[PDB]
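Student: Residue strings, one per chain:
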Amino acid sequence: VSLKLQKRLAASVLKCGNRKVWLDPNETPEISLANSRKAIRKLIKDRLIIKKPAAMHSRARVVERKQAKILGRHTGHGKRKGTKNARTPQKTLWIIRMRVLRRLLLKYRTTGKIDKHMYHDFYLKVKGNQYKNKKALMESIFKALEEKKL
Amino acid sequence: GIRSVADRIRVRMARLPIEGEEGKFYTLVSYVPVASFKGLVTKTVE
Amino acid sequence: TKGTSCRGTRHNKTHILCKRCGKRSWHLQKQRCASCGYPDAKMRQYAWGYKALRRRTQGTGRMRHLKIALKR
Amino acid sequence: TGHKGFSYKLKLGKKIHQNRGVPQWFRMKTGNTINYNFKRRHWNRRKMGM
RNA sequence: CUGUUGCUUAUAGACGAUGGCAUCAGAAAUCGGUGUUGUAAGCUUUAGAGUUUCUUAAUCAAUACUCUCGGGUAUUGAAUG
RNA sequence: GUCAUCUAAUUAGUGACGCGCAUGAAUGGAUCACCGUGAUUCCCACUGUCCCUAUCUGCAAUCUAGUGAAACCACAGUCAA
RNA sequence: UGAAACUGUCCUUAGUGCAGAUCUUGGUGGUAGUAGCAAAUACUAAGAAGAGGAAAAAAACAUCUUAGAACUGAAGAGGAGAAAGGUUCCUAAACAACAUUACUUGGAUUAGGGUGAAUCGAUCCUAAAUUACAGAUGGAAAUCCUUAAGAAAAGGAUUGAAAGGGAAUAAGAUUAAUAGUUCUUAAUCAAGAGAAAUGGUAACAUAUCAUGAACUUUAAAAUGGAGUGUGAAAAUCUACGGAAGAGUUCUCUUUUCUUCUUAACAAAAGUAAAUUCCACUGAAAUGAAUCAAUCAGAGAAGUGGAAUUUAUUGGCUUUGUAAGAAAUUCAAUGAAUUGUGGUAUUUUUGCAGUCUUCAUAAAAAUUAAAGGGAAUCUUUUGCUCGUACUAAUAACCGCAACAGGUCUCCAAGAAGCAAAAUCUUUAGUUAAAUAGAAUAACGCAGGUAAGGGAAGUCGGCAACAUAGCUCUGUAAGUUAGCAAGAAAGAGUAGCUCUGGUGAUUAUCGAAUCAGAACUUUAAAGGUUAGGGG
RNA sequence: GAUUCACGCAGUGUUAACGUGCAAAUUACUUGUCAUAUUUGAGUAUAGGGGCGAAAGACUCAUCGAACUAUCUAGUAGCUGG
Numbered sequence: 002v003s004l005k006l007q008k009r010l011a012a013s014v015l016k017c018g019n020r021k022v023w024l025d026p027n028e029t030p031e032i033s034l035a036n037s038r039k040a041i042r043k044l045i046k047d048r049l050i051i052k053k054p055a056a057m058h059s060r061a062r063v064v065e066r067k068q069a070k071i072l073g074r075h076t077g078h079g080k081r082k083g084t085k086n087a088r089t090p091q092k093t094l095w096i097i098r099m100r101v102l103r104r105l106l107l108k109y110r111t112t113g114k115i116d117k118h119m120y121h122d123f124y125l126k127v128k129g130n131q132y133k134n135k136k137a138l139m140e141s142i143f144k145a146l147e148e149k150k151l
Numbered sequence: 101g102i103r104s105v106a107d108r109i110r111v112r113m114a115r116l117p118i119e120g121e122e123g124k125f126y127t128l129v130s131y132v133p134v135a136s137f138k139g140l141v142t143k144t145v146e
Numbered sequence: 002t003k004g005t006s007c008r009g010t011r012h013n014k015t016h017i018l019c020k021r022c023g024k025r026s027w028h029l030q031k032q033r034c035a036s037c038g039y040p041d042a043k044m045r046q047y048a049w050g051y052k053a054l055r056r057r058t059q060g061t062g063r064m065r066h067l068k069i070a071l072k073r
Numbered sequence: 002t003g004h005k006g007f008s009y010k011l012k013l014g015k016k017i018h019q020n021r022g023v024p025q026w027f028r029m030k031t032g033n034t035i036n037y038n039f040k041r042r043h044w045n046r047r048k049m050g051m
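Residue numbers (the deposited numbering), protein chains in the order written: chain lU, 2 to 151; chain lf, 101 to 146; chain ll, 2 to 73; chain lo, 2 to 51.
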């Protein structure tokens with residue numbers, strides 16, 4: 002006999018594909034009488050038709066490689082295939098740095114460490130690429146403040 | 101896979117009567133897993 | 002590519018069924034029937050097309066009323 | 002096409018209706034030569050051109 | 001007598017042919033010889049650069065020592081029984 | 001064409017000479033930087049292109065079961081004079 | 001043999017004699033059981049059904065189920081549409097023919113069944129353009145004109161888009177097949193029926209409220225592209241906490257995998273980003289700000305407000321719908337659970353400014369508002385037509401189940417700069433012009449090769465060779481922009497560590513860069529990947 | 001109207017495959033190109049002494065140094081065949 006109709010109807014009821022549908026090979030005569038969706042629904046309840054489990058796809062290998070990359074175990078020179086700007090875009094580094102430095106300058110002005118005049122001077126210095134990082138700006142601000150008080 | 105088979109295979113075939121016709125026989129080759137093939141000869145299992 | 006390959010895009014009808022003659026000769030863009038000469042009031046007939054005259058003319062159809070009158 | 006005019010759809014339906022063979026009883030009439038319909042067509046053999 | 005057939009037959013071969021054996025036949029394992037690669041899997045050498053948790057206990061650790069001239073393959077067109 | 005240069009060797013290439021069969025200025029003349037699946041010559045590197053062929057794999061070809069055309073065809077099919 | 005018409009002589013008449021015309025039409029040979037039935041990786045075992053695997057191996061066996069092994073690899077051999085096809089859709093009986101063997105299979109034969117809309121489209125509007133009455137032209141057929149010529153049409157006629165504009169519907173379930181169309185539940189829209197308002201300084205705000213004619217104006221429908229930044233949702237990944245099920249387990253693994261969801265339409269606990277305006281004040285010692293810009297006495301910054309946008313109400317969480325659904329389990333219809341996050345990537349959708357044009361990137365139907373002051377909640381109905389199926393290595397066009405051609409939507413993991421090559425998950429399929437044996441020549445496709453290295457050749461044709469990233473270095477010439485990735489050299493693996501780059505106020509988080517010991521088969525090269533002068 | 005890769009596309013070379021083909025122009029690798037003088041769907045306009053052409057006498061339904069179709073037409077042939 003041909004159980005093509007039961008294979009298609011079972012997938013529609015079970016909401017899977019024809020690949021996941023299991024039909025009992027010993028109960029071919031019984032399944033063959035099932036020519037309607039109502040009959041198919043009865044067969045699933047009796048476990049003659051079973052939805053196969055999805056194939057297991059483990060991410061254990063991927064996770065354990067990520068942790069090694071965290072510690073630098075695979076980020077060498079022979080493992081890089083893109084340019085320096087491709088891996089770490091230079092424009093985005095400037096965008097992050099400008100936000101970091103301008104955040105600090107605004108915080109100092111509202112706290113009271115620096116007035117509007119010296120904040121204005123440091124604003125243009127920052128935009129002019131004078132300070133490499135957040136640390137470089139704090140000493141430069143600290144140095145200027147003590148000179149003002151001297 | 102389809103591209104490779106084990107170098108040596110140990111099988112056991114049994115001659116059994118056909119259920120339908122009493123006159124005829126049929127052979128059932130089965131697989132016998134062994135750890136190592138050293139010192140194994142043709143044994144008539146009974 | 003003037004042969005087999007160029008015939009792939011042929012999926013746009015030029016002529017559709019006419020309303021006065023029933024043949025697939027109504028040119029869509031020209032808005033005229035190439036066979037029976039639609040909206041033109043007179044049926045399109047040519048003396049060079051002698052066969053086209055004997056394919057559709059008087060007596061080639063039902064003659065629903067004319068058959069009674071002439072027999073009358 | 003999924004979209005069609007009403008008159009065009011009816012002309013499609015007639016072509017379906019006319020694609021039938023001779024009924025058996027008509028084949029048993031005395032002096033009958035009409036055994037097969039030579040005007041028949043199938044979708045994959047001849048396009049009806051309409 | 002000869003041919004077919006069998007040894008999924010060779011000293012032969014596109015197919016035919018040719019050559020050998022056909023119950024002291026044949027075939028197959030296994031065993032030894034003979035080759036190829038390079039020391040299997042399990043556990044042990046503060047092995048081991050260093051790290052962590054302890055508070056000299058452990059744990060992780062490329063690679064590396066002994067068992068190991070090991071393991072694996074070996075007619076398929078190799079040779080014995 | 002003649003003189004140099006490229007090579008062991010140059011009807012090839014390049015640089016010069018010019019009474020140029022019959023070059024020449026928007027029928028555009030001279031000039032070239034970038035560019036070109038354009039034409040030409042020479043170096044380095046590499047190689048079965050070659051000395052000079054060997055060998056490996058898949059699909060065919062070979063044989064068989066099923067299936068199964070076409071081009072062509074006066075008749076046909078051994079040579080010398 | 002054949003079974004119903006025919007013959008001989010004389011005149012008369014003619015569609016009167018075939019071996020050729022590459023003659024016309026029809027039929028049939030040798031070639032010949034020959035050439036072939038070889039792109040798209042691939043099938044195997046058990047069982048069922050059937051006349052259809054038999055047998056001295058006749059070494060092969062179509063369909064269906066199970067298991068193994070595999071391919072397309074999510075820009076697909078997946079799930080759906082437009083055109084085109086037209087019943088090819090679903091089921092049953094049946095296999096004479098057809099799918100270069102066969103077929104119990106089929107997009108093939110026979111007979112039935114199948115397409116359900118107030119909300120999706122057509123219908124409505126106009127674009128490029130198209131066509132009428134009258135008028136003008138022409139010997140004629142006919143042509144021109146499309147609002148100009150008209151006693152025609154407040155202003156100009158017809159047609160023209162299933163991708164442009166456009167009133168209004170979603171979730172679950174159901175069929176052998178239809179479903180924003182049926183059923184349950186829950187909504188929306190249009191047309192109908194039962195001397196005329198307040199508040200706020202202002203920007204402006206008020207469950208219909210709170211009158212508003214002719215006429216006129218304004219706006220919407222309705223407007224290019226590039227690139228940068230960013231809000232939100234979804235997918236993927238991940239942090240903490242779990243609940244249920246599954247896989248591995250003599251070697252370990254507090255382990256690896258799956259589920260943990262929610263619509264249209266409305267509500268308003270809580271709370272965002274960006275832009276534009278309003279009020280107070282008046283900036284120089286000039287300030288404010290972006291990745292970039294850009295802005296200010298025709299008024300900055302500050303403080304307090306108003307508005308609009310952010311895939312329906314009002315953007316996100318949340319709420320009604322609504323858990324009663326759905327998903328994952330359990331028991332034999334009934335029971336359980338359904339937290340909170342991320343300074344991560346991609347996609348989608350908006351927003352903000354910047355750049356660019358000798359390019360400035362549609363109209364109407366239709367709607368609202370204004371200026372003016374003429375006049376004095378319940379319920380009914382929603383018509384016509386399309387709706388099945390393929391949408392392609394078998395439903396379309398090429399004579400066909402043709403390696404050709406044919407417009408779109410949705411889009412997982414690894415690795416990587418990359419939607420690249422390569423492998424896999426969800427889904428699909430294992431058949432797509434037949435196989436088995438042997439392993440000759442000559443081939444087609446893919447390869448290697450000692451020593452020499454273009455001596456081969458018209459010619460380095462073909463093949464070999466270089467190939468990623470980092471650092472050092474880079475000539476003549478030049479239109480000063482380039483040449484330039486010039487040329488040339490070095491580094492690169494694994495493991496164990498060290499340091500730099502922030503957020504928030506001690507905790508948390510990102511891939512990126514640099515450096516150091518040790519080990520080995522000494523490291524881009526599986527795939528992808530410049531020969532140079 | 002910068003350099004490249006990809007989805008795609010074209011057709012430089014092998015003067016490879018095939019050449020009674022998968023195909024009345026295709027296949028494989030190599031090569032080039034791959035968004036503004038770009039690619040592409042539908043609608044619409046232009047017609048044979050005409051159209052359209054970044055120009056090859058190219059394209060105008062496998063037909064183009066003048067398409068297809070029918071009538072004149074059994075066109076004429078000092079030439080070939082019977």
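It should be emphasised that the hints constitute simulated quantities derived from the structure, not laboratory data. Some hints could be false.
[What the hints assert, rightly or not] SDA-like mimics (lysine to any residue), calculated; alpha carbons at most 20 angstroms apart, straight line:
1. ll/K20 x lo/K10
2. ll/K14 x lo/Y9
3. ll/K72 x ll/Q59
4. lo/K10 x ll/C22
5. lU/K92 x lU/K126
6. lo/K40 x ll/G23
Student: It remains to establish, for every hint, whether it holds in the given structure.
Tutor: Comparing the hints with the structure gives:
1. Distance check on the hinted pair: ll/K20 and lo/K10 sit about 15 angstroms apart at the alpha-carbon level, within 20 angstroms; holds.
2. The hinted pair formed by ll/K14 and lo/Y9 meets the criterion: a straight-line CA distance of about 14 angstroms does not exceed 20 angstroms.
3. Proposed proximity of ll/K72 and ll/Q59 is supported: the alpha carbons are some 15 angstroms apart, at most 20 angstroms.
4. About 19 angstroms separates the Cα atoms of lo/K10 and ll/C22, which keeps this hinted pair within 20 angstroms; it holds.
5. Taking the CA atoms of lU/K92 and lU/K126, the gap is near 19 angstroms; set against the 20 angstroms cutoff, the hint holds.
6. Taken as a hint, the lo/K40 and ll/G23 pair is honoured in the structure, with Cα atoms around 19 angstroms apart against an allowance of 20 angstroms.
Checked against the numbered hints given earlier, the structure satisfies every one of them.
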